[PDB]
Every structure is written in structure tokens, then in C-alpha cells.
Amino acid sequence: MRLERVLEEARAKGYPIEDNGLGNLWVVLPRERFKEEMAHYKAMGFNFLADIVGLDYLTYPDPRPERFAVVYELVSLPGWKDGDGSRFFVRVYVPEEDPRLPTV
Amino acid sequence: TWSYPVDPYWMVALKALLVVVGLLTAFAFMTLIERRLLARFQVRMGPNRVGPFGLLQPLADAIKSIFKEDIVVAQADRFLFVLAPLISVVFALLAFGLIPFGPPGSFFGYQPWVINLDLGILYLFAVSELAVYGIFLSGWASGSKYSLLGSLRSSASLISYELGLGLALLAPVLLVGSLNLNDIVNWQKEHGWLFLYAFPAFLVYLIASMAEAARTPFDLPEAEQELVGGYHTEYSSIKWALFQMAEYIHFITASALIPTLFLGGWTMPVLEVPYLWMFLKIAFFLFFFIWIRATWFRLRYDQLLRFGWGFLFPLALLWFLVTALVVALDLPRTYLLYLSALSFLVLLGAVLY
Amino acid sequence: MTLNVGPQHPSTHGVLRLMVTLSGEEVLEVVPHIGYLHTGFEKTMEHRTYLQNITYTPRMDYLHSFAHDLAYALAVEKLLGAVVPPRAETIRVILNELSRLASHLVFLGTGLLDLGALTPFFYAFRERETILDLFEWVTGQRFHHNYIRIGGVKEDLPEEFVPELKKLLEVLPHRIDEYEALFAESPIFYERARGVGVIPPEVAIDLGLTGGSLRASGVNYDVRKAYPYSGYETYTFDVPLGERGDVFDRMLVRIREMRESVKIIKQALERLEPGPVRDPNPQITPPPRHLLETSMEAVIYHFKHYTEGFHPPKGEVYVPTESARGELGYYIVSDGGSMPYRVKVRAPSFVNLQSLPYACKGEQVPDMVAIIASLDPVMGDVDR
Amino acid sequence: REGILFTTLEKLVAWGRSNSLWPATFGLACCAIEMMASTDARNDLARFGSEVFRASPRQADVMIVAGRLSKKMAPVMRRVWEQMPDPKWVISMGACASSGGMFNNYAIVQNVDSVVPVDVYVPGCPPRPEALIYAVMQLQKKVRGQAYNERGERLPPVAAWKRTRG
Amino acid sequence: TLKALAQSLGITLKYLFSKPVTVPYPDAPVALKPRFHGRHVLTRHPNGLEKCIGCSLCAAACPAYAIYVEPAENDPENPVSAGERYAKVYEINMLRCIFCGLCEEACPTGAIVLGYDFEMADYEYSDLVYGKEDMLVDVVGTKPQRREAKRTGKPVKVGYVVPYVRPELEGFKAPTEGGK
Ligand code: SF4
Ligand code: SF4
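First to last, the protein sequences are chains V, A, U, C and R.
The UniProt record's numbering puts the first residue of the first sequence at 1, with every later residue one more than the last.
The UniProt record's numbering puts the first residue of the second sequence at 2, with every later residue one more than the last.
The UniProt record's numbering puts the first residue of the third sequence at 26, with every later residue one more than the last.
The UniProt record's numbering puts the first residue of the fourth sequence at 16, with every later residue one more than the last.
The UniProt record's numbering puts the first residue of the fifth sequence at 2, with every later residue one more than the last.
Derived from the structure by calculation, the hints contain no laboratory data.
It is possible that some hints are incorrect.
Said to hold, decoys possible - Straight-line Cα separation of at most 25 angstroms, PhoX-like style, residue types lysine-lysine; simulated pairs:
no.	chain 1	residue 1	chain 2	residue 2
1	R	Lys181	R	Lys155
2	U	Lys192	U	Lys291
3	U	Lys339	U	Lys369
4	C	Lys26	R	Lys155
5	R	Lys34	C	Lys156
6	U	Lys192	R	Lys34
7	U	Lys329	U	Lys339
8	A	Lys146	U	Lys386
9	U	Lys250	V	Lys42
10	R	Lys34	R	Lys4
11	R	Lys181	C	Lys156
12	C	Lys177	A	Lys69
13	U	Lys68	C	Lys26
14	U	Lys68	U	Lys288
15	U	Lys250	V	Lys81
16	R	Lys151	C	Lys26
17	U	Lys192	R	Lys20
18	U	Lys386	U	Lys179
19	U	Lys179	U	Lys103
20	U	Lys192	U	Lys288
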């Protein structure tokens, strides 16, 4: 729900929105715009950055935009005085050539 | 002695020799009881094989200790290394022959001590400085500043407590008007056992002797299953055994003195059984500490330093002073009796809520 | 000075190399240096089957083994959409909570051992044995288990399981109390613990701490409530909480948990009756072996299952769960092979360790030992 | 110069050595948690010459290499081994150590025996505590020289002359 | 505070006089449950015919790859197992055996059935890759146990008991509360 004001935004910014029928969601971003976007989220009341899973798609039986892909899991702890349980992933495909990305 | 026996140089020697090795065998079988009594205490079977009751296991242990490398490591000096345990054991051994074992001229008619002096208290007090010497020396010897630092803690603390023991021993000297053991014993022979007379001095003494090396403040860092004492872990074989040995010898020495002091060792108007009565008092306190030792914790020396220094020692000399007032005007000693008893009663009542 | 506390010491048995910047009488900061063990399970398991991976799951949690296992199980189960019988699910919670108790037993056992008085450990261990005896019964294994199987556990409970289970629930309340009895009074207990273990709730999240650290600071955050997963929805129980980050608080929490766990057991026993123990879709489940005798199609599927093992469809999956040790979860990408294309493990304790230089700011030197211990290191999280 | 070379001495001393075994465990695995179990609480070890159960080689010479290990641990362990006194025994406890169980990987070290010589293997991860008891009974009679191999072949009464001792 | 300290002692003292709860090994047999997993036994029929056919299903199951199995086709006149295939070599490296148990589950002959053994430990690497004939339902101990029992001339024991056999085993009778 905290999520939703992110979602309309994401849609507005045209970011592709992955969804598994298991109700897991990724948001496909470029590298550049990430940091700030993600800044805005914490501000928007995102409690808890749970994960960073680095992905190697060296060999995959389908095409992907990039070989290296990061994925953040952000969460809103509802058991905290703020939060809604709003948990979602952000995926960001990553050039192999530059293994860079601004921290969080 | 000005009214007490003497015996040949030879007989003196024999008694000494015996008493030394007696305390070896003592230490051995003490370990056994400690191990087994520990097991049982924490509902467990123990040494029972190689015995029966693990009897011969200490032999094995000793034998293990020998036939080993026993070397000095680089960045230490040889002489110091050798001396540093040595010292501690000599002076641990030393001081026990002072104390009796029974009524006068009654160790088969021969005197029930190995030395007896005329100056009891002093000797004890004096010996108390010399163990800690061994300790810190070892630290330094080892050449790890890690070892050293532990030893500094140790010694510092020990020495702090050492002083309170001093303030304790004045008090009975008042009462008897003397410091030799025999007379002191005999004082209780008429009036009764000395803790009656001065329960808080009994008390404060008791808890100060805890503060002896005895594995019973039970952090120091002690060695065996914590951050270690620096008098160990930079040691090897037999030398290591010696240190361990020493700690225990202290333990029992202290356990003996407390009977000496507050009871007579073998005074008991009910019956005279010399040797028996000695052991029984020993036994009591022995177990008593061990029960504490078990069921109570490792104590940060930080806490301890705060604890003894600020509260415990000042209250002990305070009690002395009071008693000195009474004694100076030489008033009914009944007058202390009430109070001693009461203070305990107070401080006992204080436990529960 | 920068003091170097190396691995395997003294009986704290983290691989721990610790650079303690000291004032020579205080701790300033610790730069922990770790990672002296590691495997790369995550790698290896892409080179084993899904079935096989279940071997790996309890092999990185000495404590609550079954939780890892469960969490991994769930993830798979979700992915191909498989369901689990109610009775199965009953059993699963029972084992889980039994394993939680185990964990706690070990936590406090070590707590005592680490420092403070040594002995009560042995009593807590007596109980642990009892627990172990229960595990032995049902899984033939002291610990590590495979009883849980896909679709639900792989065979029925012992009858023998019922007597003993009651039995130990009788004894434990009283026992639990008596361990607790050692702590809350002992004014020395106070003087060793209360002041230390500090960290703001705010920073607990920033540096990442998980329940029984976070909830050790009394911040309600049961993942079993927040993302309630199976059965727990329909089980009452409450959250045990502290109200500040200290050792002191932690310790008491755990005791309360155990009691909650026991009530859940109690609840469970009521809800227990006959039923199939795993999913009866033989496509996705290995078939009963009492039927090889019978059909070919059985034989075929059987053979196949235990050789090749199925193909789940393509997908990533994650489920958050509440382990004993905190936020647990597996992020699993499968490419639809017979092995996954990614096994990410969410290891809580590892993240919880990040908060150590913080946790151990400006502390006192004998205290620093305990402050590590109090947080609970299982090195598997860290090392992986 | 170690208690041998008269009928008497060697049996004597060997009994001494054999019966006083002081375990230093080298946990880094699940083994440890079973090891604390292995100590107490069902069975004892104090009746096998053990109050030593703890981390000083300054207290022990019985090396129990207990658990699956990595590359990073090899020189460490080596050195720890070295900082023991001259006679010393190597138990290789459990599968995880002994040949690397179910891991074939760069990270890990397989066949712990690589790092230091061994005299006793005791498989199983987990094993039973009791197996370890059986193992030390072995090790007892092994250092007693009343042992062989499964081909009847005798062997030294120590682990420590299979590669260099120090 | 202070009260507790006393209470602490109290309970422990109770326990002191309590006669303990521990069991000596190997002087009262360890208590095991029938599902317990010891050393694998290779079973046979009352037809005196080994169940295993060198099914080698296990081998796909073993993540450790702990099984070296040379197969063979049975004698037609004297088949060592009724089947047309058997295990001409059956080796297990116990040094890394997973004792999968899944092993058992895959084997269709039910050849492999975990034992109640654990009394295994020896000094030599290559002795601990237990062979076929050590892995039967017909041996009377562990390899070192047995090897000891010949040189010593002593008999056997194994120091465990279960409540009763596991149904899976149906050959060998173990000590069960009534043996040791
Ligand atoms: S053999 Fe098993 S119990 Fe031992 S360290 Fe390896 S995985 Fe753990
Ligand atoms: S033991 Fe069973 S699974 Fe293994 S080869 Fe024999 S019949 Fe096949």
C-alpha cells in the first residue's frame, strides 16, 4: 500500500514491472536513476532494506538484457510504528563491462 | 612457647619431610574428590574406571606431565622461567607447619606441629605477600604483554584483598591478648569459639579469604575455560601442574585457617578427637566454598575492585575499631557478644524480602 | 592497541579474528575479520538436485535445522504450487517448535558456558538430550533430518512419540523456571548484563537485526505474524518481547518463547489425527514403494523421480519466514533444469553481525566477550 | 628419554600416557555441539583422564580435528598442532573432516589428513558420541601398541612420526 | 539479589543426592529407536538369495557418490541372486557415506538397510572403505570389532538395544533388550 504510491510512479516512469503469480514483484530500472528513486522510497516510509542478491546470467536458456543483475528487497516493517508489510523487489540489469553501481 | 615443648633437629626434619609429601598425596586425592564431587553435584557419573573410583588416574596424570618437552620459548629468559613457578610452590608449601593438628604434646607425645613460633599471625600475613610475587613475575617472564596484563590485574586485585586480611587479624589478638595459635585456641578453650565473639569479623575474614587464589572469585582471569591466567598457557608440563597445584594448596591452606581461627581445630568441649575434628572443620568449609564455586559466577574484577575496596575493607576495620573501644576500656566481653550476634542477625535478616 | 583475538577461542568457537582497537583498558571499536570458513553452498546446490539440496539445508544450522529445511521446502512447494496435508503441516510445526526449544537450550547452554557460572548448562543439556531422543525416535537421526519431504513428511509418526511427548511437556515448565531462577536474581547477573548490549531500535533496522534482537529490543516483528505462514494463522500464541537492546533483555525473551512454543505444542496435539503425510500427486511426488510391485507407471515414475528428478517450471521465488535465528528465506531462481540456476540464502545472523562494531562501541574489555555471545553466532550464516 | 627401554618403564609410562588423555577439541562445526554433549550429561570422560576439554595445547596433546574446514584454516591448524608438546595424537573426528563428506569444492579442504598426519579416523557426521568413545578406546590400546591394521600390520604408538614432530 | 543464591544451591543439592541419570557406555547398552541409522546391511531372502541386483539407484541418490558398484549378470544355473543382474562388486566408502537413507528409498530390492552400527573407527584410510561382505546381514560386528575378536579370541557385543527390530530388517537379530 505504501507500495502503491511507488507503483503509480513506476508506471508513470514506465519501468517494467515483473510479477510472479506467487505475488512477487520486481521493478526493472536502469542504473543511473536507481539511487535517487530508492532514496525517495526510504523517504516515502520504506523501513527495511532486506537483501541484495547479485545475479549472474552468464548462461540462461532465455535472453536477458544483461549478464549481471542486482536485486534489492525493500520492505516496510508493519510491526514497527510505521510500515504496511510492503515488500517488493527492485531489479536492475547491469553492464558486464562496468561492474559499477552506486551503493545504498 | 614459653611453656611448651621442643624436639631434636632430626625429629623436626622428619616431621617436615613427612608433612611435605603428605600434602602432595593430599593434593592428588583432593583432585579426585573434586572431580567426582563435581560430577555428582551436577548429577553425573565421573571417574570410576581405572580405580575403582578413578583412584589411579592422578598417577597417570602425573606421569603424563612428565616425559614431555618442557622448554622455554624464545623471547623469554631461561632463569626467570624456571624460578617463576618454583618460588610459588616453595612459599605455598611453606606455611602450614606453623599451624597445629591437635592438643599439645600429643602427636604420639610429640608436638603437633612442625613449627609453632610465638608469632602466629605475623608469619601468615608475611607469607601472604610472597605468592603474588611468583604470579606477576611469571607474567613478565613469559614475554607476552597479554600474559603480563592479566597478571597485573590479578596481583593488584589479590593485593587489595590481602590488605583486608590484615585488618582481620588484629581483632583476635585483642581478645586473647596474644597472637600465637596455641593460646588463641586455648582462649576458645575457656570462653568458646571465636566467631561468637566477633561474627562480622568472622564474616569479613571469611569473604576475604575467598579473595585468595582459590578458583572461587572464579574469574581473575583464572585459567581453565575462560580467558586465561598469564601464569599458564605459556607453560608446559610439570610447571603447569605446579601452578594448578599451588592454587589448590592455597585453597586448602585457607580452608584450614578458618577452622584455626574461628574454631579450635580440635577444641570441642563435647569430645576430644584430635585429628578427626580437624578434618571435619576442613571438610565443612571446603565443601562450602566448592558449593559457592559451582553455583556462582565469574566475577569481573572491575566489579570486584569497586566491591572490596569501597565497601568491604572499610567496614572491617570499622568493626575492629568498635571492638577496640570496648577492649580498650576493657569492658565486659559479653558486650561484644550481643552485638556480634546481632550484626549477623541483621545482615542475615537483610537477605530476604 | 589493536588486539588480535584469533579463531577457536576460548570455547567461543567462531572463526573470529577480531581487531580490537583498545585504549588499553577499553574497547573503542572492533573491526571483525571473518570468513575464514565458507563453502559456497549456494554454488554447490546448483550442481545438485532439488532433492539433494535438502541435504545441504540442515548443514548450515547446528541449531534449528528444520527451519532452513522448511524454508527451502516452502519455496519449492510454492513454485510448483504443491500442497501439504493438514496432518503433515501439524507435524511440521511440532518439529519446528521442538527445534526452536532445542535452539534456545543451546543458546542458554552456551550463554552460561561462555561466561558466568558453568554448571546449569549440563541441566539444559539433559533436556536437550530429551529433545534429541524425540528426534531420534521419529527420524532415526539425532539431528539433521529429511523427514520433511516434498508434499509433506515422508512417513507416519511413531506411536511411541505420543507418550514421550506428553511426558516432557510435563517436566519442562518447572524446569524452564528453574533456569530462569538463576538469572533475574543474582545481583551480579545484573552487574554483568544490564548496561551492555546497547543499540537503538532505529539502528537495529539500519544495520539489520532480526527478531530476538529486534524483538530483543521489544520491537514486535514476528514474521509468523507479519507474513503468517502455515498453520500459525490459526494458532494462538503471542509475541514475547523485551523493550531494550541489551543482553539482559534477550535472555529473558528466550525463556518466554519456550513457554509459548510449549503451548503451541499443546495446541498441536489437539489438532492431530490420521491423514496422508505427503501430497498424493505422484507426478510431483515420488510414489509409495508398496506399489512398485503393482504398476509399471509407478515403476517408471519412481525410477525417474529418484534418478533425474522433476523439472519445476521457470521462476524466481522467495518466501520470508521466521526462523529461530531471525529472518529466514531463500531467493531461488530455477531455469526449469533439474537443478536451480540460483540459490540465494537469506542468512540472518550474518546480517546481524554487521551490527557488531556498532554494538560494541566504547565497551569494557571483559564485557566484550559476552557481547558477542549474547547475539548468538552460528557461523554457517556468516560463512556459508 | 620418554619412559621406555626397560620392560617395566614402557608399560608403566605407557599406561600413564594412555589413561591420562586430555582432549583439545577443534570445533568449527556441528561436532562441537555434539562434543559438549560428548562430555557430560549421559557419559563422562573424566574417567578417561579428561578435565581438559578446552583450548590450550598447553593443557593437551590429544588433537581432535573436529569438523569440515576450509583453505583458510589449514596453516592455522598446522601451527596450532605445532604449538603442542612433543608426543601428540591426531584424531580425525567425523566425516566432515575425514574426507570432506558431501562437498567437492575449491573452498573446502577435503581429506583433512593433508594438513597434518592422522592416526585415528572416526567417520560419521554426525557420529554418535559413543563412537568417539570406541575410538579413543582404540586410541588407548593403539598407543599401548596392542593394535594393528586390518592387515595385521603393526604401527608406532604415536601419530607423531608419520611426518615431522614439533 | 541474595535469596536466589541460596535457592540455586538448594536445588543443586537435591540433585547431588539424586542418584544420577547418565548411562555408562559400554556397560549398559545405548538406547536407540528402530528408525536409527547405522551401517548399511545388504539383505537376502529366505531363499538364501541376496535381494540386491546392483540396482544402483542409490548411486544416483548418493550426493557423495559413495558407492562403487561393478555390476554383473547372475549365473543362470547358480544365480547368486534370483535376478539377472547383481552387484559383482559392492563397495561403500564410509569415509564419506551419506547413509542417505534416501539410498534405501531408492533401492528397490530393499537391499540396503541402515544398521545399528557406529562402532567404526580405524587408523587407515583405505580400510574404511567397507566391502560387500562387510556390509551384509551376515556379519557379526564391525570390521575393527571383528578383526579384534579374532586376534584376541574374544567374542562380540555391540552395546546397543532397540525396543524391537525395525521391520525393514528381517534377517539379523540385534540385541534388543534381551541382548547388549
Ligand atoms: S561430519 Fe556431519 S556432523 Fe560432522 S562437521 Fe560434517 S556435517 Fe557436521
Ligand atoms: S542395494 Fe538395492 S539399490 Fe543398491 S544395487 Fe542392490 S538392489 Fe540396487
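Hints, verified against the model:
Taken as a hint, the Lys181 (chain R) and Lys155 (chain R) pair is honoured in the structure, with Cα atoms around 15 angstroms apart against an allowance of 25 angstroms. Of the pairs offered as hints, the one joining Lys192 (chain U) and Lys291 (chain U) holds, with about 12 angstroms between alpha carbons and a cut-off of 25 angstroms not exceeded. Of the supplied pair hints, the one linking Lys339 (chain U) and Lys369 (chain U) holds, its CA atoms being roughly 16 angstroms apart against a limit of 25 angstroms. Annotation: proposed proximity of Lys26 (chain C) to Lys155 (chain R) holds, straight-line Cα distance about 23 angstroms (limit 25 angstroms).
With a C-alpha separation of about 31 angstroms, the suggested pair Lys34 (chain R) and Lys156 (chain C) falls outside the 25 angstroms cut-off, and the hint is violated. A threshold of 25 angstroms between alpha carbons decides the hint, and for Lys192 (chain U) with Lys34 (chain R) the separation of about 17 angstroms falls inside it, so the pair holds. For the suggested pair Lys329 (chain U) and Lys339 (chain U), the alpha carbons sit about 20 angstroms apart, so the restraint of at most 25 angstroms is met. As the CA atoms of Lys146 (chain A) and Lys386 (chain U) are separated by approximately 24 angstroms, the hinted pair is consistent with the 25 angstroms bound.
At most 25 angstroms may separate the alpha-carbon atoms for a hinted pair to count; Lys250 (chain U) and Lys42 (chain V) meet this at roughly 23 angstroms. Annotation: proposed proximity of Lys34 (chain R) to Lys4 (chain R) is violated, straight-line Cα distance about 43 angstroms (limit 25 angstroms). Annotation: proposed proximity of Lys181 (chain R) to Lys156 (chain C) holds, straight-line Cα distance about 22 angstroms (limit 25 angstroms). Among the hinted pairs, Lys177 (chain C) with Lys69 (chain A) is consistent with the structure: their alpha-carbon atoms are about 19 angstroms apart, no more than 25 angstroms.
Annotation: proposed proximity of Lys68 (chain U) to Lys26 (chain C) is violated, straight-line Cα distance about 53 angstroms (limit 25 angstroms). This hinted pair does not check out: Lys68 (chain U) and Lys288 (chain U) have alpha carbons roughly 39 angstroms apart, beyond 25 angstroms. Simply put, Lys250 (chain U) and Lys81 (chain V) have alpha-carbon atoms about 15 angstroms apart, close enough for the 25 angstroms limit, and the pair holds. With a CA separation close to 24 angstroms, the supplied pair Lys151 (chain R) and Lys26 (chain C) stays within the 25 angstroms bound.
Distance check on the hinted pair: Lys192 (chain U) and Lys20 (chain R) sit about 20 angstroms apart at the alpha-carbon level, within 25 angstroms; holds. Of the supplied pair hints, the one linking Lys386 (chain U) and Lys179 (chain U) is violated, its CA atoms being roughly 49 angstroms apart against a limit of 25 angstroms. Of the supplied pair hints, the one linking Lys179 (chain U) and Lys103 (chain U) holds, its CA atoms being roughly 18 angstroms apart against a limit of 25 angstroms. Between the alpha carbons of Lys192 (chain U) and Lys288 (chain U) the distance comes to roughly 14 angstroms, so the proposed pair stays at or under 25 angstroms and holds.
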